[PDB]
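So you can see what is in the structure, the chains are spelled out below.
Protein chains: 2
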Amino acid sequence: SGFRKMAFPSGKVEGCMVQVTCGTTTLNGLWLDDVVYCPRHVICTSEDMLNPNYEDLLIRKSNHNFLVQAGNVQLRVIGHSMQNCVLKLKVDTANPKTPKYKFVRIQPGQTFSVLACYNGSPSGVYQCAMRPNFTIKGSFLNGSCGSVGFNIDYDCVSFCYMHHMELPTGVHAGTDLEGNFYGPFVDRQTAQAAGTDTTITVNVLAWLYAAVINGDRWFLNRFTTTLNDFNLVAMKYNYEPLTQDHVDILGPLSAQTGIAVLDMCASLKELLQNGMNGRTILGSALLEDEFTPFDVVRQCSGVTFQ
Amino acid sequence: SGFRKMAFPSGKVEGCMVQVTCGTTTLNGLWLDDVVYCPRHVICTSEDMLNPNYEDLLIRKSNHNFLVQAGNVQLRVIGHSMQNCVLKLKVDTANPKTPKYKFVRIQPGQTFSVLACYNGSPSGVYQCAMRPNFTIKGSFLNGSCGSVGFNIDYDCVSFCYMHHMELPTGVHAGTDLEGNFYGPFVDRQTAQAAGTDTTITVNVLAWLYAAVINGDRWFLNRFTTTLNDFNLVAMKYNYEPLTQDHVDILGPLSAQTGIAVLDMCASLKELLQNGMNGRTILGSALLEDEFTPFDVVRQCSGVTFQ
Ligand SMILES: [Zn+2]
Ligand SMILES: [Zn+2]
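Those sequence lines, one after another, are chains A and B.
Per this note's numbering, the very first residue in the first sequence carries number 1; after that it's consecutive.
Per this note's numbering, the very first residue in the second sequence carries number 1001; after that it's consecutive.
Please note: incorrect hints may appear among the correct ones.
One-sided and incomplete, this derived list gives chain B residues near chain A with beta-carbon spacing under 7 Å [unchecked claim]:
hint : residue
1    : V1125
2    : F1181
3    : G1258
4    : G1302
Using 20 Å as the maximum straight-line C-alpha spacing, the simulated EDC-like pairs for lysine to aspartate or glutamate come out as follows [to be verified]:
hint : chain 1 : residue 1 : chain 2 : residue 2
5    : B       : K1100     : B       : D1153
6    : A       : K137      : B       : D1216
7    : B       : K1088     : B       : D1056
8    : B       : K1102     : B       : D1034
9    : B       : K1088     : B       : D1033
10   : B       : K1137     : A       : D216
Here's a subset of chain B near chain A, in silico, CB distances under 10 Å, partners left out [as the list claims (entries may be wrong)]:
hint : residue
11   : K1012
12   : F1103
13   : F1185
14   : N1274
15   : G1275
16   : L1286
17   : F1294
Hints in this document: simulated from the structure, not taken from any laboratory.
The C-beta atom is built at its ideal place from N, Cα and C for all residues, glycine as well.
Could you build all of it, start to finish, from the sequences and the hints given here?
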């Protein structure tokens, strides 16, 4: 038993991290097959970031202007191209440690593991969620740009995030592996507004099911409710509205615990209106929304990967 | 910026996990060089666990009674021996992926990463602390026995924990890699009492320094205090006493923030007596003690590994 904010094993991703250097800037890149992916602002100086013209900046650069370090090995940049906000540095050698991989664009509320790297060397791993406003609340220092987020499906690594920058507010923004930013953010140093951050209701409900599975039952109550009545209370406390698709995803958890989804919603409603009263749920004094219904089932059943 | 409960990259450890099967029981083992380490109760049936005589049980077993799976490869048990509570199955092949490793016995309050495995396959990774009562609050399901905890020093993997069992209270107990249990626990299915669990004061203080580094300053106050006055308040709320060694370890954090250790203690005292008042510190409504002073510096400076 027990419940922990669990990350995927990062072994398959560590073997893909390289150090990319262009001019004076150095950051991380993802080396799959014979292509290296990295944020395009590796070609920028600190002055350029204020208002960069990436096309003009990239035209001044040639293949031999990029230095790619795979630990102690050299990769020769033979071709270079810009796809949206990422650079695709075609190298001469294909990564022998390339895993079965796949590029995906996740949706808000989905969770993934981040491998924070500096100078192409792994530093740590943690799990986090894509906020509804398309930001992530991560842990990134200077030079962490290029670090990637990923999920693992048995034997496939699904790359979903590449880190690009820290907003003036301390939150983090990035792109998919095709270079398309999550959210309305651009890769320049300017004041950018992130939308209102709401709580991921479906994730909170999955977390409450995990608590029941692990022995925490005090928040259960004899009340019930409807979807509409619950939503109207949810939006007052900045909670994502619940749809029928959300109720469907929670089905398996409902069947394992014998607690109807709508009965759990009524319990959540009372928690929002009256609070926690200094008590805890799975060791937390706040409601946690960084566990998807899929994360809960896999940790409470023992899913593995190869 | 930002702060996250960060685990070490687990790539170096994934290549050492194997599946060990003896009779009908199957659990995880650690394959370093030509030796496989695993909990000795792999030789027990569900009935044996109630009161096992490990010497007599092991004498009925021969080298060919143990089945070691390294994914799709076979390892031939040529020699077997029992060291305290772990079995050392000497195999014919040396693990080619053996990293620079080292066995260590950590002290209470120290943190490490756990790689939860099932049937010798990695499932997830998380960071946790050794409680003062020598338990850990982890996430383990049936068959997770043999999963190991570890730290990484640049290029050395320091193995410090092997999981053995879940107590009736839901907490977890294990041994070092020499087979010596942490705490007064034995490897049998009986009611075992874990001591009073106290909060790791030095870790809480490091966490408050991390908050100041990241912008949370509201808990700072114009008060001060002495070590004795603070300790006397700490023990009322079940907090480990603070020694001079603890003050010394926090020196670097004191110098980076310009806040004297004793001034931070006075802030912590007021937090214990008056509470949080519904506010948060680094996104938490409770005081966190699973970050050592070393964890904080390494995440706020960007330490990497190879
Ligand atoms: Zn950058
Ligand atoms: Zn066991």
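Hint check: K137 (chain A) vs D1216 (chain B), CA-CA at most 20 Å. Holds or violated?
Distance ~15 Å between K137 (chain A) and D1216 (chain B) Cα, so the pair holds.
Can you verify the interface hint for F1185 (chain B): is its Cβ closer than 10 Å to any Cβ in chain A?
Violated. Min distance 16 Å.
Minimum Cβ distance from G1302 (chain B) to chain A below 7 Å?
holds, 4 Å
Taking 20 Å as the top limit, are the C-alpha atoms of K1100 (chain B) and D1153 (chain B) close enough?
Holds, because 10 Å separates the two Cα atoms, which is no more than 20 Å.
Keeping to a limit of 20 Å between CA atoms, is the pair of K1102 (chain B) and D1034 (chain B) held or broken?
At roughly 15 Å apart (the allowed maximum being 20 Å), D1034 (chain B) and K1102 (chain B) satisfy the hint.
Hey, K1088 (chain B) versus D1056 (chain B), does the alpha-carbon distance stay inside 20 Å?
OK: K1088 (chain B) and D1056 (chain B) at ~17 Å, within 20 Å.
Under the criterion of a CB-CB separation shorter than 10 Å, is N1274 (chain B) in contact with chain A as hinted?
Not OK, violated: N1274 (chain B) not within 10 Å of chain A, min 13 Å.
Does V1125 (chain B) pass the interface hint, meaning its C-beta sits closer than 7 Å to a C-beta of chain A?
OK, holds: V1125 (chain B) within 7 Å of chain A, min 5 Å.
Is the hint on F1181 (chain B) kept, meaning its closest Cβ partner in chain A is under 7 Å away?
violated, 19 Å
Has the given pair, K1088 (chain B) with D1033 (chain B), been kept, meaning a C-alpha gap of at most 20 Å?
Status holds; Cα separation ~12 Å.
Against chain A, run the beta carbon of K1012 (chain B) and see if the smallest gap drops under 10 Å.
At 8 Å from the nearest chain A Cβ, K1012 (chain B) passes the 10 Å test, so the hint holds.
Would you check the hint for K1137 (chain B) and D216 (chain A), treating anything up to 20 Å between C-alpha atoms as holding?
With a Cα-Cα distance of about 15 Å, the restraint between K1137 (chain B) and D216 (chain A) holds, given a limit of 20 Å.
Hints 2, 3, 12, 13, 14 and 17, counting from the list given before, are not met by this structure.
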